[PDB]
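One chain comes next, on its own, written as structure tokens: the form solved without the partner chain.
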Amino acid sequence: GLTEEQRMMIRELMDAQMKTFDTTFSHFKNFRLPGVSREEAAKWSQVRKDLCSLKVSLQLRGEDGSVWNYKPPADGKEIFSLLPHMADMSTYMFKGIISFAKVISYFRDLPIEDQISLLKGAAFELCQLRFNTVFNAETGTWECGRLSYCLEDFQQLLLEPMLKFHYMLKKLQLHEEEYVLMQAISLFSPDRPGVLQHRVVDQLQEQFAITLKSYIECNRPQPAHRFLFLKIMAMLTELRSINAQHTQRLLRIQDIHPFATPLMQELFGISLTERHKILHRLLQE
């Protein structure tokens, strides 16, 4: 079995996930909706390539049973139509991740600078891990309560590394304990930009990784997924590569079409404490 500290470690992470992951997205309100220069022109071409890779239709299910469905247009600024909404979704998700990190005892004891640096480097990764738990691989749809995001028209989709990540991770059929441990391992990455206490974060990540390794051996005897632990660690390595690629994508689009919310601006590159006033405020409550 697991040690007393290992079981309590999983118990704390699971309680954190329940307190801070709004799976029904019931409290995601007041969001935006679509339809509701030579140096600049050159940067547009690359931004158009970034936006056509992830094209989803939007579905809004009302309490009465009615459904409002948004089908995106074909490629001007029309390819930016979903950005103000996705910014509000990302910002809403990031607030839940910030709250997730705050209740973890190992994260709360860290200096405020390292708390800022770890959340900055892992925000995208923990959000994709949370999005994968509501991803329907049969329909290609992220089901976020009354909101749904359906991929628009497979081997072309799998070429997109972010979409391939969600299909591959969903195929592993992970439990909630394995997702929340993946979030812990990703959150406590010691080699994030700006981390000071490099060794103590490295030591915390090793305890979360050993706990995941021990959990799988004690709760997963089915050969359904052999080497599940090493497969998970490979997905986290791939998730770090996708994080760098898509963080560059957002900066390119933000350069010619500003959409990032004030919380996202601190999350990207738009003295550590002074440059992250909102993150510092949220991390105090």
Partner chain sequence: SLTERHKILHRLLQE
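Heads up, when I say rigid core I mean the largest set of C-alphas that superpose within 1.5 Å between the two forms. Only residues modelled in both forms are compared. Numbering follows the first chain given and starts at 1. First, how it differs from the form deposited with the partner chain bound.
Put simply, after the core is superposed between these two forms, 42 is the one residue in 60, 42, 251, 230 with a Cα shift of at least 2 angstroms. Once the rigid core is aligned, the segment that moves between these two forms, defined as three or more consecutive common residues whose C-alpha shifts all reach 2 Å, runs 37-42 and is the only one.
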Second form
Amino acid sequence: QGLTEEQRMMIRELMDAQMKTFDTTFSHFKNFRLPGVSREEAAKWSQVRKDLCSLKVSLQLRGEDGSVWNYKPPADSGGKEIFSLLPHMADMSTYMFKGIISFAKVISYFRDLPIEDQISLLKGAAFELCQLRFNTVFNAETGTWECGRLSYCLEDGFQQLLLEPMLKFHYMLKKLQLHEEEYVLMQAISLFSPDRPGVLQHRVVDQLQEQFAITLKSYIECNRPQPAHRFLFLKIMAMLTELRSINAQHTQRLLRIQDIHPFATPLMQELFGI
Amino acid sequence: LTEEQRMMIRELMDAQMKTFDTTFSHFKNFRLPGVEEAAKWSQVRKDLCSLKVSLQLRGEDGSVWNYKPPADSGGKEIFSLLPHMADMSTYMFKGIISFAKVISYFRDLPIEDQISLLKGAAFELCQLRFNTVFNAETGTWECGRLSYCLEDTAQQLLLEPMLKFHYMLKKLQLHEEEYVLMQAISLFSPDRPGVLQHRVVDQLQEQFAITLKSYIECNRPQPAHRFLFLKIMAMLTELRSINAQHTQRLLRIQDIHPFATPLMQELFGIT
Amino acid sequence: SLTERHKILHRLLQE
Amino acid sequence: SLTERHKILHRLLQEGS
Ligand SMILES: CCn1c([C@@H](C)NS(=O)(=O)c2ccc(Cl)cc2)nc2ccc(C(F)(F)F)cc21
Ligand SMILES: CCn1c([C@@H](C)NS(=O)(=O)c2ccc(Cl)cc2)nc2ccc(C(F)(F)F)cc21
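Okay, that was the form solved without the partner chain. Show me the form deposited with the partner chain bound next.
Okay, now the whole complex, with that chain kicking things off.
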């Protein structure tokens, strides 16, 4: 039981950055869009329809007054109805990405990097940091992401949902019952990835990632003696590797959908190379 | 059974078919809930605990939007559904005005009488039309892509006069012809305030009533429907009492929180 | 005076 | 020329705080 002074300061800054840039109540997420009240080409559609399952979520909006609006998506009836929630998704993702950019900006180690590497790191980790943050508001009991007044509920077994990598990721990560400190260190490890395409200061970044990883391993050693947390550090590191694979996969779905039904916001176009 | 009675029913049925958009396909661009004075407010809050319904919107694509109203929490939540209600009522009233306009017996009346009759019966004819789209099994008014379901409280519902009215009327299982004759009897009420041609109106109401009584005698076997005509007439009297009660509620709300459309202001005497 | 106080209804009745 | 192809990101990064 004992972290170095340098480690304590590292966690403190990370936690301070998280508190300053993660609006956990989503109180500032507003003015978003809502769903209205040959052969090769067709092959693309068959694929796109497969990439939207199992993304399907119902949406709930709780008003301050106590009222509730609930949106149930349409069944795949072969068209463009499957894209009803994309504009809203684009607004939510953009909102999350801005919070992720702000997170990175307040970190001293990030600000010291060249502007080009800051861009390269953000492009590479925006999806990942977003999902890590979403996991903290994910209710595994109800299969719902509780985003302040907004709730996104998975469409109603487990074995079937666990087939979707991103879905399995959320349930698996939630089961670990991580502390805020561990989530923020995961975000830092993912952010400072030396192997993102376009990074020039690959050396400094690699050195930074290692220090965040050592800090995470130390934090776990100092606070997790329970036999329920054996190999926790390694499980986290393995999950981060999986998240990187999921990121690449989701990026390929995004481009595919964008190709046939453009919907990405200008910030998203920059982040994912559209 | 007389040829004249047959013609009277035909004109009424023709009017109903031409002016009752049963699928509400033309009801659009409506508003939806966003995503001594103390004595007045206290009464108004009570006038709105009785205007609760959940709302469902089924999109063409198969998607569904569902709205659950807020509980009475203090202020400016109890008025969330008023703008929508104002649009639905206005839409219904326009259909009722069109209905009356196509009726020869109505057109012959002085313009002032036409106005007086419509002001007096607009709520009533609306509720009679709503009854035809009321599903008593689910306690829901099925208005095309829109559905209004009552939110149950901890026989309970039967306490609300308008709700009891809808279940009781639906239980009679009336024909289109009987509903339209009910609308005519309510429309041609000689005792509405402001009517000048009391004699002519009373005579018209009687002829519609005789036609209804005759239709029932001819089209309904016998014992179980022996008093159907009188049950209908009793329901019309009840509806008239409910109309007066709801009108008072409307004015009270309007006084503290104006929301009536210009057409509603004219129909219920709001400056 | 009644028509005067009900212009919309009057308009709707004349079309 | 990363900055030139990512105007928004560039702007957001320059704004700071
Ligand atoms: C494509 C599924 N999806 C995702 C992906 C990238 N991850 S996920 O499935 O774990 C998920 C699902 C919902 C939320 Cl809120 C967060 C994460 N993020 C979304 C945000 C909003 C909405 C939509 F609600 F607009 F459909 C859908 C989202
Ligand atoms: C206040 C309840 N209500 C009424 C009352 C007077 N009668 S009712 O309860 O039998 C009823 C309720 C709902 C419908 Cl649709 C019809 C009749 N009429 C309404 C019309 C539209 C809407 C609104 F929901 F559109 F706001 C609500 C209405």
